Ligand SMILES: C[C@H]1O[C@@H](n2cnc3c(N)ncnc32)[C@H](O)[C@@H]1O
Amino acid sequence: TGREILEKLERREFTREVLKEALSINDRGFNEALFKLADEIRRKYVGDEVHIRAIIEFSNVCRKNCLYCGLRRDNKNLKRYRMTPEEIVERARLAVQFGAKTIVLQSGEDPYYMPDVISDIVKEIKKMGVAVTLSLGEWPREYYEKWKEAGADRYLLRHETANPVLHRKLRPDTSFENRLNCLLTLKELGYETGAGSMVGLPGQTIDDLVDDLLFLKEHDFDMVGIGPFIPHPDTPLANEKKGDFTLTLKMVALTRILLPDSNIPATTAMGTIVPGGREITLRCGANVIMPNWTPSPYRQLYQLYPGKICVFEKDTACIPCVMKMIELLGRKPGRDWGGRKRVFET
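Chain-only structure, as in the form deposited without this ligand:
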């Protein structure tokens, strides 16, 4: 029954059978109870602070050819850019002046920066007294080592999907096995480590989602980034169906349940498919938000949302925006860097 599954979740009887059934029920009441649960677990384990990770998308060059991704190398209908290192440090400084306690440096897999330019940049931001998160893709162990010694605190490397055949068809440059080795390496070197998947990928079944969850649980990732799949028009998946918001939201809730002291963002994709989607996610298990901090002209001063379309006046609008959001949700800003605090067990 709907009632019995919530009870198995409470006792942490996290079997394949239970996760599958929980993902299979579409009853509104069951869903609402699951979200109140995930929220209650979030309050108890990670508290009311909502942590801001300022994202600087500093280069959109990528060497890989992932099929879902607007940054894939075969996409010629994309203006490519690279910020200078100095532009980056100074932008970060501006973020820090605006209150950001974590800076995320993210890109396509762009060789130009790797490894030394990254190291020098990271060293420089760490002088600024903030946490540093990297999201640069798959690289040799030697690069992860240099960036860890350089002072990086965290690394996001979403696993996207745990079905290896699906992974290899979608990311023909690589494999799930390779992705797993990178995640493992990052964990062993002492990074705060983030994984996660897209939901509603073409060919992905509920069973695959179950496997994603079991995966996350198995490895105890510090962070889990989850969002719905959103077709990108300049890719081979332009014409595939979008991921469902409720289903993705349920993945987020379940993720909080499985990994109660972890950091779970309300991803931008979530705010893209449903109005108020980020806020909704934050009231359903999530405890982090990641505002775009990329400067013009790399970033249009234009953010589509459904119906609405936020036309901001300045480079810097989103940090104040999200602080305001956080305040209005009755949540609290982070007092510290908001890194993972491994409680709940042993």
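Between two forms, the rigid core is defined as the largest C-alpha subset superposing within 1.5 Å. Shifts are known only where both forms have a C-alpha. Residue numbers count along the first chain shown, from 1. What changes on going to the form solved in complex with this ligand:
Comparing C-alpha positions between the two forms after a rigid core fit, one residue in 45, 30, 298, 312 moves 2 angstroms or more. It is 312. 300-314, 344-346 make up the set of runs between the two forms where every Cα shifts by 2 Å or more, each run at least three residues long, with the core as reference frame.
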Second form
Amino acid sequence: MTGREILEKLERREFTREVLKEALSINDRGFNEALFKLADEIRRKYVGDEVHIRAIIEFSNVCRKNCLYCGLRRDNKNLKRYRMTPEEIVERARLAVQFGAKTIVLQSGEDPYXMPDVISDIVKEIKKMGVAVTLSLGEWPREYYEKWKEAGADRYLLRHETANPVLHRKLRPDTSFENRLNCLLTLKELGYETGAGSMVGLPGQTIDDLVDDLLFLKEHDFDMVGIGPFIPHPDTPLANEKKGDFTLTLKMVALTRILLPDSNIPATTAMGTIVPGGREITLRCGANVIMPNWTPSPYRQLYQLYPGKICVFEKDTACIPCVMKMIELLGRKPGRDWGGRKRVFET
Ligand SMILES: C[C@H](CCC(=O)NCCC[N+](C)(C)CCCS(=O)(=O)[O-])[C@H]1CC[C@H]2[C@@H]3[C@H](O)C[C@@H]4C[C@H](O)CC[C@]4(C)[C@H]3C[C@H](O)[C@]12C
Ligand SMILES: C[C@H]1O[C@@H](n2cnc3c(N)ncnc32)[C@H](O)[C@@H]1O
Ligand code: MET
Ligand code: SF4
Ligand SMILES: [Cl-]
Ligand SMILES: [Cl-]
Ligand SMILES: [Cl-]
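So that was the form deposited without this ligand. Now I'd like the form solved in complex with this ligand, please.
Then the entire complex follows, led off by the chain already shown.
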């Protein structure tokens, strides 16, 4: 199919493997710009001009897993490990709510210390503030997920990483794609708004793999989808591999919006790390969420999944104001409510 024909099929919602493969394979500037415009327009029509702010607190960099891409992997001895106290986390969340955050995201390595009861206690305290709570804590027993839902958690982010089971197992040697999917299905069954997503440009990953990621996301109809480029970290086995391509990653975000028009899709910090102004571009190519860093010093600089974190030198309270300025200069509006998914049922 020609570029024009692929665009027409996307507009008619003929989302075949063949159409998706061709969209990711064509490198023509004209085609790409038309794809981005289509995603931007679909975003505006379905989810409007509000950009939802999710304040993220990265509360522990301790991890029991050994994912090959991740700077927090357990084999990395070149890292000072930290744990925020429950009181520090709650009060940091309170400060974010004081600054206008309507969702608090708690993210960590897979750190056994907190699990499950300390998390439950923290979630309960933050829910009293009248905001949404999102957890992003990795893979845990169903019972832990159940306890956290009962404690009042609203959403769970668990990127599927890669839908190729062979590549998944190689990159995530403690676990499997089967496990990851089972966790995502459990989260959905328990009533969480559930987020998946993937990295683009992983070593060994192919275009067909990216197509499979898109089809996987469409199959399971996730509420949120987080996508970013792979960025090699020097203290990992993938230190010498190539970074993911920004434009290809942007096309994945655009296609995700086209496939899942009413989903919540962040402009991830990795997009802003690989290219100056990358988040702002992504917000104009299908994304409608932004996640300003709210991890305080001295811990922020110790939570580097990949190097070059854009907020690392900024003050503790800088990032919420910074994204509000961003939203205004983009001609957009901040979210007025918790920014939960607003499903538009269609055919
Ligand atoms: C935290 C401190 C002290 C007072 C306090 O503890 N304030 C709680 C407010 C709680 N809310 C955010 C829910 C109010 C919503 C009111 S609103 O009318 O916006 O719906 C207050 C005093 C002045 C406030 C800033 C300025 O204003 C400018 C700006 C407005 C944006 O918008 C949000 C960001 C920002 C930077 C503000 C953040 C924060 O807030 C500040 C620092
Ligand atoms: C929180 C999310 O961050 C992503 N993540 C972890 N390590 C890297 C890296 N080196 N490069 C880019 N993204 C990464 C994973 O996709 C994880 O799910
Ligand atoms: C810090 S990585 C993101 C949170 C969790 N460890 C996961 O891998 O899903
Ligand atoms: S990606 Fe999440 S589980 Fe894997 S090593 Fe990093 S922090 Fe641990
Ligand atoms: Cl969220
Ligand atoms: Cl995300
Ligand atoms: Cl990211």
